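> In case you want the letters, here they are:
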Amino acid sequence: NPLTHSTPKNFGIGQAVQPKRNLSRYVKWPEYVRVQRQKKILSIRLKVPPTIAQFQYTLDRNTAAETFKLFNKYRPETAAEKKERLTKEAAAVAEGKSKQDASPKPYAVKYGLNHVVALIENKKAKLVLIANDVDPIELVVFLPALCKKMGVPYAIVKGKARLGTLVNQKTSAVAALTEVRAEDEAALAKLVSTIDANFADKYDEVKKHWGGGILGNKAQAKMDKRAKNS
Amino acid sequence: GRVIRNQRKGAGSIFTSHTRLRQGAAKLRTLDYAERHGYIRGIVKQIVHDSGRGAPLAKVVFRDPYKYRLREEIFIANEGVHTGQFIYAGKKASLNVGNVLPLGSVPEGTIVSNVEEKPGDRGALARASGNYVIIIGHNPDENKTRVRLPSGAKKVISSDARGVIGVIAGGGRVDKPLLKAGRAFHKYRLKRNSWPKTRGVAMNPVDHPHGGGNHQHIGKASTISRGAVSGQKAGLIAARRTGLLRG
Amino acid sequence: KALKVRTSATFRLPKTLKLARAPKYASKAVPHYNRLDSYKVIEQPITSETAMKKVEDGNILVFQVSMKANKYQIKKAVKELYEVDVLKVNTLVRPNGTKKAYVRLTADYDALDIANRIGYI
Amino acid sequence: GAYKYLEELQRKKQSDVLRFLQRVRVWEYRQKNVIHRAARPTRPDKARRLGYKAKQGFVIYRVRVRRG
Amino acid sequence: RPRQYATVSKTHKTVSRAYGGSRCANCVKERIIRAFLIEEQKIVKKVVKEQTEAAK
RNA sequence: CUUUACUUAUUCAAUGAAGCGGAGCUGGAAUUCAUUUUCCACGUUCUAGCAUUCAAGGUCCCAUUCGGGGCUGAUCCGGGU
RNA sequence: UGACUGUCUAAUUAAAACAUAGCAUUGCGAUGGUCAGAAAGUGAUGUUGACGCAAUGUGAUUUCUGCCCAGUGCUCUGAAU
RNA sequence: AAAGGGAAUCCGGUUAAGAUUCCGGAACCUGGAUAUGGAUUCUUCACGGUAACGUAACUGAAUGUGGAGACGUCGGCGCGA
Ligand SMILES: [Mg+2]
Ligand SMILES: [Mg+2]
Ligand SMILES: [Mg+2]
Ligand SMILES: [Mg+2]
Ligand SMILES: [Mg+2]
Ligand SMILES: [Mg+2]
Ligand SMILES: [Mg+2]
Ligand SMILES: [Mg+2]
Ligand SMILES: [Mg+2]
Ligand SMILES: [Mg+2]
Ligand SMILES: [Mg+2]
Ligand SMILES: [Mg+2]
Ligand SMILES: [Mg+2]
Ligand SMILES: [Mg+2]
Ligand SMILES: [Mg+2]
Ligand SMILES: [Mg+2]
Ligand SMILES: [Mg+2]
Ligand SMILES: [Mg+2]
Ligand SMILES: [Mg+2]
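Protein chains in written order, with the UniProt record's numbering: chain A, 24 to 253; chain B, 2 to 248; chain C, 22 to 142; chain D, 2 to 69; chain E, 58 to 113.
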């Protein structure tokens, strides 16, 4: 084409006003964006104790998917299912003449912090899931130690939202299985065996290890430069 | 018993500057990628007179690197710059009078002006007329530069602080006698209300520490402590010596 | 992870949806009537000797009008009440706090006959 | 219940576990406004025992005041 | 006066040359001469720089 | 009861928070010493001109609609302005 | 007697008093000097930068400014049970 | 800001007392709508002059640049009312 030519612009210094580049690294973000970014920066710059940072070791993706596959079989009743079984019980009370033999025994996950803590204390919990992302952390930070103390198996698992979805909440912060049906006892035993290997059997060694201390990108670069050069 | 005249200057009622006619804050160009990595060419379009300042100001127009427009900066004109002169500002600038380049990238004995104290505060040192800063040192292991200021003070600045080559224009201004209170009146009329100065010995004792008495004398010593308080410091504050500078 | 390519280093407030008001009850639900209609505007004629010399000579009807009426409202009120067409309105606030309008009718209308039809002179 | 554990844990203010959280939280509270709305109590047990029930109409405000 | 320029026609506010009512026929002449000569010296500088970087 | 290292608290300053930090083509006075032990340079200096339309070009796709969207031009990574 | 022009005690003092230019001394290189504010993410100088700002003394020009650092004041990389 | 910057109104007459405001004549400015004539157009967005520039017109968004607004005081000289 003899009508089109090659201009190329000289985007150096002092020539050819600069093109639109991705300036997302340099955006003056809102103050809440900066606070929530520098907060997760500051929580890993400082030397975290071993009571926090026994969190951020989380149940990994395959065994968390297995854990939620088991725990979704024991979802609690929705409001619609509660209304259906309450109508079924009101039928058997009014005309069926059956006392408490209308609905069968429920198998469901246990949830709520006080309820789950009391189940751990009374040694009824067969498996406890602890959300890694609660705020304040003081609500669950005693729970690995309490679960190790009463011998129930715990798993610090990723997502208070994910734990809330299986209990039909927005956020659950713990979940617990206290009893399963007969067909899930082998699945629960396999899960407890692969969860205890990461959480309860590593507790006494994680209890001595401080987390954090992580330098930034630039500071780590200029620290391994000095380490290499000395 | 009365608040005295040097104490009254901090409230800043009538003692503010008279800044109607001033061209703007005479500052260096802001430290950007062009000035930090290469150079940028601006053009002197006017050498104007600043009011209340003894030195002229060079209105130097640069091109904005990121938006198509023109960014006009107000430099203090070094002595020798002219209209239509290309002013090259940055690290890779050449050693010509008027260029704005860092103190690390100049030789020893270079004479700069409008030179910074910290890299990027846009001109702090040697800005009055005829004044200059001599570059007497470099310390590349700590990125410093030893300079000699107009007062004789040796100062250590960063080597990334900038300065404009040359002496500030308008030199030799104080060598002419003002000859009259009219010329002093019109001098201070565009600076600030620091004139005329009544002597404190002419005052009453309520107006000044020096005031009062049947004879105009000072009474106590004029040399006042540095740790003295506001209201006592009317004399020679924290004087190391007094009398004529002879040995 | 796709990241939004921001060519500006400024964050601005996003254009969220602004809904219109859909109130559960009206603010007053009985609207006020016309606060300044033709009878509120044209209060009374002015029948001084000067104001009557303006009627048969200058084709000008002199009125005392509302203090809240502008020349559009005075023109509309004179056209609506007295069925004339108005060439000009010249108002002044009198030194007793009333307003006086000099309403010049067009040459089609004789202001002395309009004044006679109204009732004064 | 968990609030007994929160009660006994909050008393240990010079332990490592709360000393870290005091630092990490005092930075963030300083970065926010002087009077700002708290979305939920950072001491839920202390809120409950001082009167707060977690329902509509109960509000937490965080606030900093100059010492001395 | 500055708002009277809104009243008059386009002829009264400009000259038919480039930079009509902005520049004054010798400034325009200088801008043209400078634009021609510097953009030829740029070509000369380009081939001299290419020669000197192609020699070694 | 001495010194200097870290940065995230705290303090200072600037900017429309634009090019920060690390790593990557040539070149050599690395005598490649088989290896970038190894450093510097990152498109602009006769001239009071001009520089803007997601950029021309190169290339791919559309389903092509006389137009549109990618990649590149303008290296990659880290979102620490 | 004050160099001069100028200024002031409105309503008893217009002066030889105040100011002045000239001279001199002092402090300060900004994380600063001098001075405000109850405080402040606060101010004046300062749209400033030693030919500048701030504190004083003397008071055009000519010709000079002698001795005393014991006292008091100011100041000093200085003395270390 | 009724003394600074500023879109545009003048003459004649008129009242006991109003007028650059009323009346008569003659204008101008701003905002809006919009038709007709002209102009430009098969070289689609005019032409002449070497040129300074001329004309009744004679497309021009973003963006940029420039001008006007917009400027001391004194002295004599020139021109006008
Ligand atoms: Mg932080
Ligand atoms: Mg001011
Ligand atoms: Mg004096
Ligand atoms: Mg006296
Ligand atoms: Mg009136
Ligand atoms: Mg009126
Ligand atoms: Mg920036
Ligand atoms: Mg006298
Ligand atoms: Mg008197
Ligand atoms: Mg008298
Ligand atoms: Mg005197
Ligand atoms: Mg004398
Ligand atoms: Mg003596
Ligand atoms: Mg005016
Ligand atoms: Mg008249
Ligand atoms: Mg009159
Ligand atoms: Mg008229
Ligand atoms: Mg036609
Ligand atoms: Mg024509």
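Treat the hints with care, as some may be off.
[Claimed, not checked] Cross-link-like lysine to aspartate or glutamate pairs, in silico, EDC-like; alpha carbons within 16 Å at most:
#, chain 1, residue 1, chain 2, residue 2
1, B, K192, B, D208
2, A, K43, B, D122
3, A, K149, A, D207
4, D, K5, A, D83
5, A, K96, A, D207
6, D, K33, A, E202
7, C, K92, C, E70
8, A, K231, D, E29
9, A, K70, D, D17
10, C, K74, C, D134
11, A, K63, D, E9
12, A, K96, A, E206
13, A, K92, A, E206
14, A, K62, D, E29
15, B, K28, B, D122
16, A, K128, A, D156
17, A, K230, D, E9
18, A, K213, A, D227
19, A, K193, A, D156
20, B, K145, B, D176
21, C, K22, C, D58
22, C, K74, C, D131
23, B, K28, B, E118
24, C, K100, C, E70
Rather than coming from a laboratory, the hints here were simulated on the basis of the structure.
> For each hint, tell me whether it holds in the structure or not.
How the hints compare with the structure:
1. Annotation: proposed proximity of B:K192 to B:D208 is violated, straight-line Cα distance about 25 Å (limit 16 Å).
2. With a CA separation close to 28 Å, the supplied pair A:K43 and B:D122 exceeds the 16 Å bound.
3. The hinted pair formed by A:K149 and A:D207 meets the criterion: a straight-line CA distance of about 12 Å does not exceed 16 Å.
4. Between D:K5 and A:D83, the direct Cα distance comes to roughly 31 Å. Violation of the 16 Å bound is thereby established for this hinted pair.
5. Among the hinted pairs, A:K96 with A:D207 is consistent with the structure: their alpha-carbon atoms are about 9 Å apart, no more than 16 Å.
6. With a C-alpha separation of about 45 Å, the suggested pair D:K33 and A:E202 falls outside the 16 Å cut-off, and the hint is violated.
7. At roughly 24 Å between alpha-carbon atoms, C:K92 and C:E70 are farther apart than 16 Å, so this suggested pair is violated.
8. Distance hint between A:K231 and D:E29 is unfulfilled; the C-alpha atoms sit about 27 Å from each other, more than 16 Å.
9. Between A:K70 and D:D17 the alpha-carbon distance is near 10 Å, which keeps this suggested pair within the 16 Å criterion.
10. Note on C:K74 and C:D134: the hinted pairing holds, with a Cα-Cα distance of about 14 Å set against a maximum of 16 Å.
11. Restraint check for A:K63 and D:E9: the C-alpha separation of about 27 Å exceeds 16 Å, so the hint is violated.
12. As the CA atoms of A:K96 and A:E206 are separated by approximately 11 Å, the hinted pair is consistent with the 16 Å bound.
13. Proposed proximity of A:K92 and A:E206 is supported: the alpha carbons are some 14 Å apart, at most 16 Å.
14. At roughly 7 Å between alpha-carbon atoms, A:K62 and D:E29 fall within 16 Å of each other, so this suggested pair holds.
15. A threshold of 16 Å between alpha carbons decides the hint, and for B:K28 with B:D122 the separation of about 9 Å falls inside it, so the pair holds.
16. Restraint check: the Cα-Cα separation between A:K128 and A:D156 comes to about 33 Å, which exceeds 16 Å; the hinted pair is violated.
17. Of the pairs offered as hints, the one joining A:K230 and D:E9 is violated, with about 20 Å between alpha carbons and a cut-off of 16 Å exceeded.
18. Straight-line distance between C-alpha atoms of A:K213 and A:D227 comes to about 22 Å, which puts the hinted pair past the 16 Å bound.
19. For the hint pairing A:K193 with A:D156, the CA-to-CA distance comes to about 13 Å; that is within 16 Å, so the pair holds.
20. Taken as a hint, the B:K145 and B:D176 pair is broken in the structure, with Cα atoms around 35 Å apart against an allowance of 16 Å.
21. Pair hint C:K22 plus C:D58 does not hold up; C-alpha atoms about 67 Å apart against a cutoff of 16 Å.
22. Distance hint between C:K74 and C:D131 is fulfilled; the C-alpha atoms sit about 14 Å from each other, no more than 16 Å.
23. Annotation: proposed proximity of B:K28 to B:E118 holds, straight-line Cα distance about 13 Å (limit 16 Å).
24. Taken as a hint, the C:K100 and C:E70 pair is broken in the structure, with Cα atoms around 24 Å apart against an allowance of 16 Å.
When held up to the earlier numbered hints, the structure conflicts with 1, 2, 4, 6, 7, 8, 11, 16, 17, 18, 20, 21 and 24 and fits the remainder.
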